[PDB]
Every structure is written in C-alpha cells, then in structure tokens.
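Listed here are the chains, written in short residue letters.
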Amino acid sequence: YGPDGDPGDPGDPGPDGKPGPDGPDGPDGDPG
Amino acid sequence: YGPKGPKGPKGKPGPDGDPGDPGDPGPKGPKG
Amino acid sequence: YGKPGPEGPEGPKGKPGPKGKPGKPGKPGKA
Numbered sequence: 001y002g003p004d005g006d007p008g009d010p011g012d013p014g015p016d017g018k019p020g021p022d023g024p025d026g027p028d029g030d031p032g
Numbered sequence: 001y002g003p004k005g006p007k008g009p010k011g012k013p014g015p016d017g018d019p020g021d022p023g024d025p026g027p028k029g030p031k032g
Numbered sequence: 001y002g003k004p005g006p007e008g009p010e011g012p013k014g015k016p017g018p019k020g021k022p023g024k025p026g027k028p029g030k031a
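Residue numbers (the working numbering), protein chains in the order written: chain A, 1 to 32; chain B, 1 to 32; chain C, 1 to 31.
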C-alpha cells in the first residue's frame with residue numbers, strides 16, 4: 001500500500017533510418 | 001510506511017531515424 | 001507494496017540511415 005514503483009526504463013532507440021538518396025550525377029564527359 | 005510498488009513496464013521504442021546523407025557525386029562521363 | 005511504476009518514456013529517435021550510394025556517371029562527351 002506504499003508509494004508507486006519507479007518509472008519503467010526508457011524504450012529502445014528507434015530503428016535506423018532508410019539509406020540516403022543516390023548522389024548527384026557525375027559531371028558531363030569531355031569532348032573527344 | 002509501505003514498500004514501493006513494482007518497477008513499471010519499459011517504454012515503447014523510439015521513432016525511425018532520418019534517412020541517410022545523400023551519396024557522393026558519380027564519376028565524370030566518358031571522354032568523347 | 002504500492003502500485004506499479006508508470007510506463008517508461010518512449011525511446012529516442014533512431015540514428016540516421018546509411019549514406020547514399022554514389023551517383024550515376026555523367027553524360028558521355030561529344031565525339
């Protein structure tokens with residue numbers, strides 16, 4: 001009949017995010 | 001006085017992380 | 001004994017995902 005128990009632990013850290021977007025296209029090639 | 005109650009349940013998992021950083025630039029197009 | 005403690009706080013946000021892959025090759029030069 002005493003005081004409330006201690007708060008539970010913090011939840012797990014969320015899942016890792018998705019992979020980042022593809023990088024920008026490379027620069028145009030040199031003229032022949 | 002009475003003993004405190006049982007420790008509470010662990011919290012819920014965190015939200016998903018942000019998407020990753022964008023990729024590096026691609027290679028330069030082939031020579032002409 | 002007392003009541004059960006409250007639910008623990010929600011976990012923190014996850015870490016950023018893997019860095020993206022390298023981009024596509026450029027626009028082939030004129031011949």
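One or more hints might be untrue.
Simulated restraints, written as ranges between beta carbons of each label pair [said to hold, decoys possible]:
id, chain 1, residue 1, chain 2, residue 2, range
1, C, 2, B, 10, 12 to 20 Å
2, B, 10, A, 27, 47 to 55 Å
3, B, 25, A, 31, 14 to 22 Å
4, A, 18, B, 31, 33 to 41 Å
Each computed DSSO-like pair below joins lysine-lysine, with the alpha-carbon atoms no more than 27 Å apart [claimed, not checked]:
id, chain 1, residue 1, chain 2, residue 2
5, B, 28, C, 13
6, A, 18, C, 13
7, C, 19, B, 7
8, C, 19, A, 18
9, A, 18, B, 7
10, A, 18, B, 12
11, B, 31, C, 24
12, C, 13, B, 31
Simulated from the structure, these hints should not be mistaken for laboratory data. In this text, a Cβ means the ideal position worked out from N, Cα and C, and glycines have one as well.
Going down the list of hints, with the structure as the test:
1. Between residue 2 of chain C and residue 10 of chain B the Cβ separation comes to about 19 Å, which falls inside the hinted range of 12 to 20 Å.
2. In this structure the hint that residue 10 of chain B and residue 27 of chain A lie 47 to 55 Å apart at CB holds, the actual value being about 51 Å.
3. Separated by about 20 Å at the C-beta atoms, residue 25 of chain B and residue 31 of chain A satisfy the suggested range of 14 to 22 Å.
4. A hinted range of 33 to 41 Å holds for the C-beta pair residue 18 of chain A and residue 31 of chain B, which are about 36 Å apart.
5. The hinted pair formed by residue 28 of chain B and residue 13 of chain C fails the criterion: a straight-line CA distance of about 37 Å is larger than 27 Å.
6. Annotation: proposed proximity of residue 18 of chain A to residue 13 of chain C holds, straight-line Cα distance about 13 Å (limit 27 Å).
7. Distance restraint check for residue 19 of chain C and residue 7 of chain B: the Cα-Cα separation of roughly 39 Å exceeds the 27 Å cut-off, and the hinted pair is therefore not satisfied.
8. With a CA separation close to 9 Å, the supplied pair residue 19 of chain C and residue 18 of chain A stays within the 27 Å bound.
9. Between residue 18 of chain A and residue 7 of chain B the alpha-carbon distance is near 34 Å, which puts this suggested pair outside the 27 Å criterion.
10. The straight-line distance between the Cα atoms of residue 18 of chain A and residue 12 of chain B is roughly 20 Å, inside the 27 Å bound, and the hint therefore holds.
11. This hinted pair checks out: residue 31 of chain B and residue 24 of chain C have alpha carbons roughly 15 Å apart, not beyond 27 Å.
12. A C-alpha spacing of about 46 Å is found between residue 13 of chain C and residue 31 of chain B, which places the hinted pair above 27 Å, so the restraint is violated.
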